[PDB]
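Encoded as structure tokens, the following chain is the form deposited in one PDB entry, with no partner shown.
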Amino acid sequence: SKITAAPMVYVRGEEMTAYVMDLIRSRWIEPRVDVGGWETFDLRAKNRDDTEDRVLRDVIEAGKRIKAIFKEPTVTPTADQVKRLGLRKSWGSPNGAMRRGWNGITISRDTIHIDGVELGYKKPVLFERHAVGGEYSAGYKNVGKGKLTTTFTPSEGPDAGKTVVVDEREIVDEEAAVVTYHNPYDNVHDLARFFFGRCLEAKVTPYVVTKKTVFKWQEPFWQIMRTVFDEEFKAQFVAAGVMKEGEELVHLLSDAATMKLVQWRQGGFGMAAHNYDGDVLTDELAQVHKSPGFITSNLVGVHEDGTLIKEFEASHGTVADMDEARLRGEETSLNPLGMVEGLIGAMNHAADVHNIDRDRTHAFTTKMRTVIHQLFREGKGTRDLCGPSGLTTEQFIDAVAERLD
């Protein structure tokens, strides 16, 4: 009998990655797995516009109920796409909304390692991206000349109820952006614990990455991480052989960290950073390693009731350059491994949390990984790995299908 898929949220996107995942669902999953328990949502920018984002609100609700989500890449539409797609409005990112809506703590993005496949980093690299805050949460306007005033009224402490000026400035340009955001730092305690725990288990040296010299408001990110490190982890790292006695936790400036990602080809390190810095640095990490096909991503959030909410995704976008080529009848070669690891993670988590066909799901998802890893080993991967002699998107999908059984 087909495997019974456990309840799981499936978020569909568009462009090349939706095309790829339709093939994978059709040729790898459905002949072996009954997916009736999946809740599938259409997060095409068009459908979001048609539903006034009710579909996004529904994904967020379902994630709370089900706790295991696979998220395909989605489009955050440009002004030019607003016209081409016939959207009544620009729409923001559905990723920020989900990350916020699930009380996101960390987006973990780690390098993939396959026995016998030489990649950019020799040993595992771990990345913890702060899942919320920063410019992803910003209010803004595009304006001309005028007065911009920011105030804060605390609700606790000796100055409760009194308003202070955070900033006031005259805009003297006919064209300017004015932007306000916050960084919520309470859950950076949780992030630090999670990050240092994983680094300890993988035996990699941790680094904290910020621009706190100039972006001085970021100081608590560093201070919280250092305090958690010193009080809960420093001794464990020394005892495990990962760091030496008297070796302090190291801070890197975000610009310098881009240099460390190129330089540190041995791997064997971890970085934690704010939301946007993590976005930039994890794409860089992907390309140094090989491509975004060789990175895993997952979000850890928390339900109001305290149970974890786990979303799994590729690190990358919808691969619009290959989509253009696809629609013109030209060859493409999208590496599905990143996305597939996400779907594996989500399916395994779903089966464990909801106690449905656990053994068989784990064996099947392990099999998908194995087959993919073996094709890569045999030089029958996609072109990101193998160069021009690699297989096309469709060739690779079929090669996996033949070996699954």
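Residue numbers count along the first chain shown, from 1. First, how it differs from the form deposited in another entry.
- Assignment of C-alpha atoms to the better-fitting of two rigid parts between the two forms places residue 152 together with residue 260.
- Between the two rigid parts, the smaller one rotates 19° against the larger between the two forms, as C-alpha superposition shows.
Now that we've seen the form deposited in one PDB entry, could you pull up the form deposited in another entry?
What follows is just the one chain, with no partners and no other molecules.
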């Protein structure tokens, strides 16, 4: 019989990556898997506009309920896409809605590896980008001269109801930005446990990255991480052979971390950072490793009941330049590994959360990865890695289908 897929959210996009995933689902998944449990959504930019973003709200509900989401690369309906695709209004990135809706802890941005193919980092690197806070949720104005004041009124504790001044300053420029944001740090306890748990299992040395020497409000990010590490993990990292006895958890300034990403070509490390530092440093990570497609973008949140909500995504876009070449009838070569890693992660997590056909699902997802890697080893991978004698998009997809059983 076919494998019974556990409940999972599937978010379809458009252009080259949707064409490729249509093929993968029809030729790899569907012959071997009953996908009745998959709740599919059309997140075309046109469909987000056509539905007034009801589809995005349905995605968020489904994700809370099901706990496991695969999302394809999607076209954010920016002002430029309104012009091109002929939309009625512009819509922001869906990332904010997912990160708030699923109580986001981290975006895991890990290097993707192929056994037998050398990429930039020799051994796995793990990266946690704190999923919330910082300038991504700032309030701001662009102003001239005047008086800026920031007040805070606690709602509990000894000084509940008493307003204090956080900051007061005089703007003396005709043009200035004024900006306020917050970092919520309660979930850094969860982040730390998630990060250090991962790093231990991977046997990689963990590092915490901030600008806390100068941006002193970040100190709790470090302190929370170090406390969890010392109390709950340090002896375990010693016993795993990862760190020497007496070796303390290392703090890296963001300034240093940017240098270490270029230097540490052997890999075998983990970093955790705030939202913006994570955004920047993981794109650097992508470039050093190979390209955006070879780093994960795995959002990890938590339901109110304590079950982890995991969404998985490739880190490249929809690849319109290649899609246009397809409709002109020219040969394409899209590497589907990024998206497949995400689908694997989503299918695996769905199987674990719901305990539906768990053994057979892990065996099948493992088999997909193994077959993919073996083809790359054999010189039958896509042209990004195997050169001009590498396979086209369709040849690669058919090659895997023939190998799968």
